[PDB]
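Next comes just one chain, in structure tokens: the form deposited in one PDB entry.
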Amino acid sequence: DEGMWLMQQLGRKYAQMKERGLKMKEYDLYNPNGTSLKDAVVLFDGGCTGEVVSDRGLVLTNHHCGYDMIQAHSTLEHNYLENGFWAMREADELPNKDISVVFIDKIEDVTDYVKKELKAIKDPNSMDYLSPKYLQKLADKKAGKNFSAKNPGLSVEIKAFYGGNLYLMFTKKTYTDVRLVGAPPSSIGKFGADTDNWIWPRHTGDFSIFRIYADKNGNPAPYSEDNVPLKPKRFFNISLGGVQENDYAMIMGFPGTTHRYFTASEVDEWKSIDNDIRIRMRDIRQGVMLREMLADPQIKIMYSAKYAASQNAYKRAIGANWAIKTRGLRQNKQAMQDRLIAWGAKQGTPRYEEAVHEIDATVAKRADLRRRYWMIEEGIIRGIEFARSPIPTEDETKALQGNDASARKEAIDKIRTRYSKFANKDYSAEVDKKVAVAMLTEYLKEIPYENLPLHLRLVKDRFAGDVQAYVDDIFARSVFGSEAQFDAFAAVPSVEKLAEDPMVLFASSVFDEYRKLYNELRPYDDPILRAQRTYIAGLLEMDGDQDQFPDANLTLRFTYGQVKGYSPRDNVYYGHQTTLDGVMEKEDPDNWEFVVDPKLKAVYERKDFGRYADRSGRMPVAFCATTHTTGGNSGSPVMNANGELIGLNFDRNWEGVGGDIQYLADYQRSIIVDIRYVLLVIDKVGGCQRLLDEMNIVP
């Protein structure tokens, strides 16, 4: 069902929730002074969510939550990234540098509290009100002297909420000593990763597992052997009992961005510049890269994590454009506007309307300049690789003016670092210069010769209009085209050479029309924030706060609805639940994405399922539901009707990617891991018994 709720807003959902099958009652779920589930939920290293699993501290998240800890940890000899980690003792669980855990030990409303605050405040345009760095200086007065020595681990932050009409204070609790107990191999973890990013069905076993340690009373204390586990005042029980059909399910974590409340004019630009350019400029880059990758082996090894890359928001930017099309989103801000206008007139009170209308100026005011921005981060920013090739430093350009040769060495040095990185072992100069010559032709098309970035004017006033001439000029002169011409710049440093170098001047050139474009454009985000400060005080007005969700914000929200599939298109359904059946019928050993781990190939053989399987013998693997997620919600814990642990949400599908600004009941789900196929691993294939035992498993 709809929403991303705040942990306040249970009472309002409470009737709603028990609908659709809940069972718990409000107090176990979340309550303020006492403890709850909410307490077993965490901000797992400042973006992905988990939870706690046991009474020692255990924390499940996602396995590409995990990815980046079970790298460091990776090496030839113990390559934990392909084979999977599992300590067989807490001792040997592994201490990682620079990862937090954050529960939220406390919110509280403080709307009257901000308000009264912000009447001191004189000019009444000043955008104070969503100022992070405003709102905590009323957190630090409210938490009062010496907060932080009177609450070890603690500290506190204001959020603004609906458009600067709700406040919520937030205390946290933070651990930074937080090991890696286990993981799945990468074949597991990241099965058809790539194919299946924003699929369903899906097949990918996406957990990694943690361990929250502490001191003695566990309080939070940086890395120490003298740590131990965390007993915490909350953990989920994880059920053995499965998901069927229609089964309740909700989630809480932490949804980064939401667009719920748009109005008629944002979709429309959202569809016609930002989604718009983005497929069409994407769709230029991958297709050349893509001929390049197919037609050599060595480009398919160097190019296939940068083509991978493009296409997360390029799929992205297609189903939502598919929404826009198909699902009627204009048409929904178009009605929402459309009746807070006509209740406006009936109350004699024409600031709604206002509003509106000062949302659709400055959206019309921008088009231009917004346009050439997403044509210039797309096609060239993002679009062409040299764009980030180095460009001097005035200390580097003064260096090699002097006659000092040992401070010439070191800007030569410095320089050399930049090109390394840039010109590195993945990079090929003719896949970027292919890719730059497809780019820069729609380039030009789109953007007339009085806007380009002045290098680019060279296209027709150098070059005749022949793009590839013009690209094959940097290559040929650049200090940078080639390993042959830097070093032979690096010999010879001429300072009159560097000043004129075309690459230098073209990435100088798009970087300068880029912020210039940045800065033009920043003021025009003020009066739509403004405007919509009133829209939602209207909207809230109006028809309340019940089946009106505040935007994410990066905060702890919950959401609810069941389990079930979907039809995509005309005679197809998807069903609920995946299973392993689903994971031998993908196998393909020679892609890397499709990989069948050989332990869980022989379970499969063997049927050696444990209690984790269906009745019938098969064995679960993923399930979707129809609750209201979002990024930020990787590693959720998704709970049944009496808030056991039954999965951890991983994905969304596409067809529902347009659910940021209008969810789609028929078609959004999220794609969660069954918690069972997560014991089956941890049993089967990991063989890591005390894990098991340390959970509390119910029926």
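Positions refer to the first chain, counted from 1. Whichever C-alpha set is largest while still superposing within 1.5 Å between the two forms counts as the rigid core. First, how it differs from the form deposited in another entry.
- Once the two forms are fitted on their rigid core, between these two forms the CA displacement reaches 2 Å or more only for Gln298 among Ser224, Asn217, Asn246, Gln298.
- After superposition on the rigid core, the Cα atom of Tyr573 is displaced by less than 2 Å between these two forms.
- Superposed on the core, the two forms barely differ at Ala622: its CA moves less than 2 Å between these two forms.
- Superposed on the core, the two forms barely differ at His203: its CA moves less than 2 Å between these two forms.
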Contents of the next structure:
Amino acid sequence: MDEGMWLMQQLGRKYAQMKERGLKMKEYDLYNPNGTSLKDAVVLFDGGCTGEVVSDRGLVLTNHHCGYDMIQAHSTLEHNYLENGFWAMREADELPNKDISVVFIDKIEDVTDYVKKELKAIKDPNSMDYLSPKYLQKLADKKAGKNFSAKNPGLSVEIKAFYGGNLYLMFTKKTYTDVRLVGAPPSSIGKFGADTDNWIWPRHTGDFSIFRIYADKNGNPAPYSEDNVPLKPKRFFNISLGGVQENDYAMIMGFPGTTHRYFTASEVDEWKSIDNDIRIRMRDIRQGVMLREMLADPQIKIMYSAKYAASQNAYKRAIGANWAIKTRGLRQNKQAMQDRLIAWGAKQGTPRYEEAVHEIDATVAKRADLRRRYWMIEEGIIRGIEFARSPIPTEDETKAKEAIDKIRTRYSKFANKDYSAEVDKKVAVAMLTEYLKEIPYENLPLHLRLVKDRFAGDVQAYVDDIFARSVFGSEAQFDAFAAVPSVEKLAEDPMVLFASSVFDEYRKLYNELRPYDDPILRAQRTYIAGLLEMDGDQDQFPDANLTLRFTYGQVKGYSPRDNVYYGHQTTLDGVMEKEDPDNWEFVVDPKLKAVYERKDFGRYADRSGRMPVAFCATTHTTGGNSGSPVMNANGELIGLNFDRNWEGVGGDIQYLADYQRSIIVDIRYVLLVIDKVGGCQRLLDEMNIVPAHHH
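Now show me the form deposited in another entry, since the one above was the form deposited in one PDB entry.
The following holds one chain only.
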């Protein structure tokens, strides 16, 4: 019954409990380590989301916000798929995507003994190779052996460390890079309530999009080619129209990215006071400027919609995280846990665990000045100011027609279709003003002294001068440079001198801070080993690390405070209750309203006649679980995970059963939107849809 993000290896230890919670699948149909199972219909989507195959022709469902980058990339003012959605009426109209991927997890093996055998043979206990991806890849290649990817094309092998270095798993991955956009609702559906409803339950967002994996004519990975055909997969999800009742069993497979459940108390403090607080203040500044520019110009809106969402999501998550830390006493919970271990170890007669907790505390305390400076510049400038990534002429290039083409190339990517120099200047002035007020002069990147030195505090004039006099300040000014390129012109260029100075400081802080990482990491291995020994590993699971996990629970609402209860299911009536045509966040598509007003629900309505939108469950998910398949007790698809409730944000530090809920779009609502809003009948014909007993 236990909550958590369980390794696939732990399905055996949990299977009986899952049956007592309501599971009806046979175990090896869910996950089979030596054969085909439902696991083979799950994919890691574009390196940061989850998705699932739902057709014998390779159809993939994920979230709308998982497909957001590709929806935006294909959008223009002529065809604004962000605004009005997209629906390919035949496979030939499905849109290819550059630099996209879908990864299947073909096999998973425990290689802890092998990895520990290889490590001890190096005879270097202080080396950090036990965490190094480059070293673990060397160990992975050694096991897989003899040009593994060349022999098996599109297949690769990866080893990853778990439990701070106490467990190692090898993953055999099959990667497809021809993944085409098939359908997406308008953002008024897929992102209903936008930032206001982000991380909020009740939720009324139809957060889905639709892709299709293309392969060679044998089903093997192949680069984008109009000759590729839809993948016929080993396995795909049946879609259930049986709905969900309160207390129903529900389970999820997906790729949770990061948790911090083995944080010491002092690490929780650092995370809140440095990482989260700096992110909160810097990004609210960047976002306020950006949004005002976005709402005033429809093309600025297209160009920055994805940039704004990526900034906005982790900003609000940081607010929720610090709120959980404050109001749920998460710092004191970790204090108790590390004190429990310290007391146990004292009994056993070893101080290794008390030393490890003190070692973390001392390192955390020592790196606080630099880490604060690292996060101020990372959130304020590297993330916040786009022309910090303007081209810097390499040493090779300045000591030289052929080079002016490589610099044109980097000016191209910098000032691409998404880049507004006017928006960036408004952002930069607001960001540097907060930056200059929080970082003292003697600690600024060198070029930033000129605000005090040369510009008498005028931040606007400083940024204005960078664009005015720079080779990269405008397309016209770059052409004038590409015509008669100087080197005494570029070597004093204000934007180049800005980008190089802030990146100089960024790396100086990193190189200074990176040594402090190692004592914490080694102490973490000891701290986690002591907790595994003290309490056993039957009810513990390793922190998420972007690998496949499963979690189960019940469909159930929660109560956020006294006399207030939120139920387990929202309806299309809640969308209409929230409609506000004067609020960009809460506009409703007239096609959706007409369907609601006419009750044109088809077989997608609940048996009651009401139209579901979303439900929530006691599963334990985090960032990376977006688009994860949500299965009923028969393994049939009933929804797509897409968020957590506000209190659930604290689940990355501690799960609390009264408050942790995954927010899940009801699969019947996905189908209603495909059918009645998108009008794309062909996608439901290729799905295998299981009727309800009462149909």
